[PDB]
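There is one chain below, alone, in structure tokens, taken in the form deposited without its partner chain.
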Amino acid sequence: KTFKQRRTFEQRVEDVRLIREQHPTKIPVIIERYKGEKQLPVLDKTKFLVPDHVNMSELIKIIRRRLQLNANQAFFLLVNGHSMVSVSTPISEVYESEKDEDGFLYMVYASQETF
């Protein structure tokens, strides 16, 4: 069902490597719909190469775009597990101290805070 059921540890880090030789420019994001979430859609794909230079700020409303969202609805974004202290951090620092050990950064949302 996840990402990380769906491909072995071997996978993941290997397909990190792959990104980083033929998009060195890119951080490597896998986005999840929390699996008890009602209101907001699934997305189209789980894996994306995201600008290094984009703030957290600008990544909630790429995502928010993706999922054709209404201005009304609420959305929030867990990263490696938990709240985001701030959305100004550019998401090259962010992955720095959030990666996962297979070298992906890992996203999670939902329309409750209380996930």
Second form
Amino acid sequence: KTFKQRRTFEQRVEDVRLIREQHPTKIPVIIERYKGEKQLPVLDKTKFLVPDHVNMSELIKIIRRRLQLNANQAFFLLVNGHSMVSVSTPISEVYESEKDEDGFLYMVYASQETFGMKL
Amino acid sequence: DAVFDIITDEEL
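Moving from the form deposited without its partner chain to the form solved in complex with its partner chain:
Once more the chain from above appears, this time first in line as the rest of the complex follows.
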């Protein structure tokens, strides 16, 4: 099951309250496989704490390594249901504008054919 | 899948 399917809203909110207490400089992000994607693998851990200074292109490099991707394997992130406005956008800005009601920032990843047209 | 994966600066 996906994260939201496994945890109730109240449990998600409490997860966020506690984790943000414990990690004063990290953003809580859920990073899951796009439903329908079957080239890229599933992560063993899909709950992340991301240093709050990074930008999206830094995060992409990290998640490609987490997935142990080859260089010839395409990867794209959708953040809160849309493509990233820009790879240079700080994750602190992304969190403030795109976070869920529950306090997590949600993303999914996909390969080229699954992701489709990029504009 | 309940434990968080912590990204650190030593990775950047």
